[PDB]
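I have a structure here, written as structure tokens, and I will follow up with some questions on it.
As you look at this complex, bear in mind that one protein chain is not there, while each of the others sits in place.
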Amino acid sequence: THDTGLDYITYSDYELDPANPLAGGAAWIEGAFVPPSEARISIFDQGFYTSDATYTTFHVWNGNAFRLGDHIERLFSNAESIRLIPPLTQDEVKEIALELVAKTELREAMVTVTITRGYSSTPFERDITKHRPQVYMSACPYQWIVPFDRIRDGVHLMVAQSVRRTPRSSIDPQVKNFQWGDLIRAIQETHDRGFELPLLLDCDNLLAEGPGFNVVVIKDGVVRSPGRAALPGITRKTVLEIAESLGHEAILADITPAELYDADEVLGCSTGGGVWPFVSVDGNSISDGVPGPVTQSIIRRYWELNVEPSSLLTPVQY
Amino acid sequence: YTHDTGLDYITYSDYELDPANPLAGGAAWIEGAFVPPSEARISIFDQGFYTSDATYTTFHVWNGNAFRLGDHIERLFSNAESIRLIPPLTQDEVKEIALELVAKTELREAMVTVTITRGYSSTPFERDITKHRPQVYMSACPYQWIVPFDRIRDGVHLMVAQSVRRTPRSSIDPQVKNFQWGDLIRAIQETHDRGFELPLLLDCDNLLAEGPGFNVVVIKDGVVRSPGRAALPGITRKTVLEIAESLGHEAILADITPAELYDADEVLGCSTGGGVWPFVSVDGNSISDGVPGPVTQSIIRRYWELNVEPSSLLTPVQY
Amino acid sequence: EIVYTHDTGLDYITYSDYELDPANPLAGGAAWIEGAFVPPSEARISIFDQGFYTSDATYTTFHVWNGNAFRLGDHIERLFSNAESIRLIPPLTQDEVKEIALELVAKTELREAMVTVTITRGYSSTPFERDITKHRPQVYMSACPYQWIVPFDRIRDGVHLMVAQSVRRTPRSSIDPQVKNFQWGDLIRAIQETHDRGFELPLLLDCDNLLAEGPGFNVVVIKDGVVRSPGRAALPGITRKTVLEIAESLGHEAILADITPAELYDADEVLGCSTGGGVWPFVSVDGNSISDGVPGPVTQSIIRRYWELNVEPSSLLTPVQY
Partner (left out) sequence: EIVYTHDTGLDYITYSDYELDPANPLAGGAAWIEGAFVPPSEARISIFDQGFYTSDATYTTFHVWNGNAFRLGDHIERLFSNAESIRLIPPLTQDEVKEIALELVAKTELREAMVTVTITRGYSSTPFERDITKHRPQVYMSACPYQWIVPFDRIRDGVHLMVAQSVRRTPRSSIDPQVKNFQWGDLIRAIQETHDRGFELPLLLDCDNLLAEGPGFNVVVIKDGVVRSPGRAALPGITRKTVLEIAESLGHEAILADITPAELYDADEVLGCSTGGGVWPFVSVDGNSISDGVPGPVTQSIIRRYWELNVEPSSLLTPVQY
């Protein structure tokens, strides 16, 4: 829990049971519910040594899971893209994940579901029937990519020059993955040059995405986000739906660096922190330099959707 | 842990594993402890897993001797430096621990992996770089063969991948050994679809790159060439080019076109995982007369001699 | 002997019935160069024009059918936009270009024609010029008989497509395909590969292995009643624009998108489009049949409607004053 300093983001008023060994954090590994200190996987799992895996991360707020159906549908689609047959159904995954959160007692949480090729085979296996895929889960306190004061005041963005986003013809960014070699290089560049977060470009020098977040660009009342070298984010989807509710045209598109610098407003979005403003790029102010009014309406409406009763929410049974 | 090979130049050791030893035939070193394979586990909160923020190397032991251990650990530490990772052990400390690990398994023929990660005490968004706490993990297992023995003798059928290309140096550098195999796995899958044995990937410029776990070498008019850019600087590759120079051939790193691959006199593959083997066809097209060439055969034999003949390439394991 | 008409064997494509005046030295073909209307044999440019030796130029090609120019306004707007993208200031206005081009066609007496308008950086300057004010851009035009990228029997029966493997479309970060240009090094390589492998036309892929375009044409892919065409590594074609408008009028969702090779092979229908020939079907890819290997019904209705739009009085048509 925290006091946020923002009227639209609150936190539950509760205390964790110290008699419960899973309280405040836990994992599900090979059929067992375990505490964080016992949450370990085999070094012989291909999910480690060939990163042969995909995943998704959903969140729980005030005791409700946000867009669980969308999340598990994306996970299973991503698994299909890499020819991975999950050993559980979508319904089974949902039930186990919700149970895991319940055992932690966490009302505000992050829940990761990972599917790997497993430890019963190697990448050179001739017989595809010999592969034995694994599912791993973890539930932890909600994590913030940017702090609360920066959600209010905005963040300073940098366009990376020493690295570009991996092409779809090598390792597809539309498949959520742990292969962050390029994304880590971008973070390191950000430390060197003295900025807060990086945005990468693609092979054609068009806007891609950042480490753990999508970017959105607002110009003359039109709301645009990168369609190609970017994860199809659930937060992004929500942002574009909100934009349409407010009477704006909202579309996926190819966006140039010139268009980024010349934008009315710019924002970032992710399951890990929700929505926040980007007020400058490479030290150049975006319209002056303070969070724009369309961005502010979007941020407020997003957090309303986390609490107002709808089909977007699934109650956790504690 | 042993085989009859059917080849005069590859011979396993004649011995038996002690069944009273719980580490016999396989073991790992994890967070200061020597453990059996079933207890060899790492934290899911290690960044080496969830951001693949790690590098590694794999060396081998043959007839009780580690092969080119110094070169291997030098490459590992160089790769760590390339990704700004400060190892928590020295090169000497790593060598001593790795050799002890093998000794405890009693394996005379083995594969030994040394991995360095960013660790589990921090996250990718950490503001203070001093807060990172890197980890070292090791494992020792029986020697593994990327191709079987009959195929080392008779040759392998290669495929040039069309649905995927090797990750560029401007995204994830192939010259840093890494676990980020998304492209390499796609290539293996394409090989199953099209009915071939192993794949070779191309780079962004449609020049020869490398394969999943191996380098490629191309021989034409007595000149021996291997890809210099989109390829790991292999220790086996290095040995192959040294052997070629010994035999009086010009041996160089270079940019190689697909046309040059199809028109080659000889083609071979190399890796710590299996040594050296011939590639006798590409996309169903024969390389020369479709049988292993004579320069390839001399290289294969000489490689295995170097694994047994007493030299500075060898380091004895104290069993 | 200039060929300027044909019997097509198709009820929806009909040439005009007329004769060229042999007393006219510009009849059947002509050019506009440095203020002068000239015959083809005198249609020459300076080797010192940067439009040649650095290919520092852009262009467009429109057509005339049964005495009417098709979508002239859209064509000249795209040309001027393409010029702006490469920082080239045209020495004529859009209106002036339209007037000169229409006159040129009139002088040829051609009722069915292809008209190319080219803008170059010129011959008064070099690429290393320090003072940008010293550049003196040039406009060149030519008008010729209508040309067909594919023959009439293939418009009816369909064409055999090949996906290129030895070459890829130049990236937007080097030479932008969204700017019409003469820099065809990649496209010519693709054509040569089609001769090697024994196919009729090539389709190139982009850096991400997504569908791009072909030499002188855009590609369109139809699946479960949805009509899609490549948005990135492709010229914003005027024929493409017309095809998508027609699809919407038939009640289909019609969009620009990123399209995979798997999707191409698994398509219900595939077609090609260009000013140079209109619209035609692609019935196989790499020797694999698309559906049952015959032109699909959505494609057929698009082809027929396209040619109807070339004759039915609309704002898409501009009459030539012969």
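Details
Residue numbering begins at 1 within each chain, and the chains themselves are lettered A, B and C in the order written.
Definition applied: contacts are C-beta pairs under 8 Å (C-beta built on N, C-alpha and C of every residue); 3 or more make two chains touch, one makes a residue touch a chain.
Residue-wise, the contact with the chain that is not shown comes from C:43, picked out of C:20, C:43, C:106 or C:316. Annotation: of C:86, C:92, C:100 or C:256, C:86 touches the absent chain (contact as defined above). Remark: the omitted chain is touched by one listed residue; of B:37, B:228 or B:273 this is B:228. Within the complete assembly, C:127 is the residue of C:35, C:127, C:251 or C:313 that touches the hidden chain. Across the interface with the omitted chain, subunit B contributes residues 168-170, 203-207, 228-230, 255. Contact between subunit A and the absent chain runs through residues 161-162, 164, 203, 205, 257. Although one chain is not displayed, subunit C still touches it through residues 31, 33, 40, 43-48, 51-56, 86-87, 127-128, 132, 140, 142, 149, 167-171, 173-176, 181-188, 191-192, 195, 215-216.
Keep this in mind: only the chains that are shown with their structure count from here on.
When every chain is reduced to the mean of its CA atoms, the largest separation from subunit C belongs to B.
Two chain pairs, A-B and A-C, are compared here, and A-B has more C-beta pairs in contact (counted per touch definition above). Comparing per-chain C-alpha centres with the mean over every protein C-alpha atom, the closest match is chain A.
Subunit B and subunit C have Cα centroids lying 51 Å from one another. Computed centre separation for the pair subunit A/subunit B is 34 angstrom, with centres defined by C-alpha atoms. Centroid to centroid, with C-alpha atoms defining each point, subunit A and subunit C lie 43 Å apart.
Contact of a single residue of subunit C with at least two other chains is seen at positions 207, 209.
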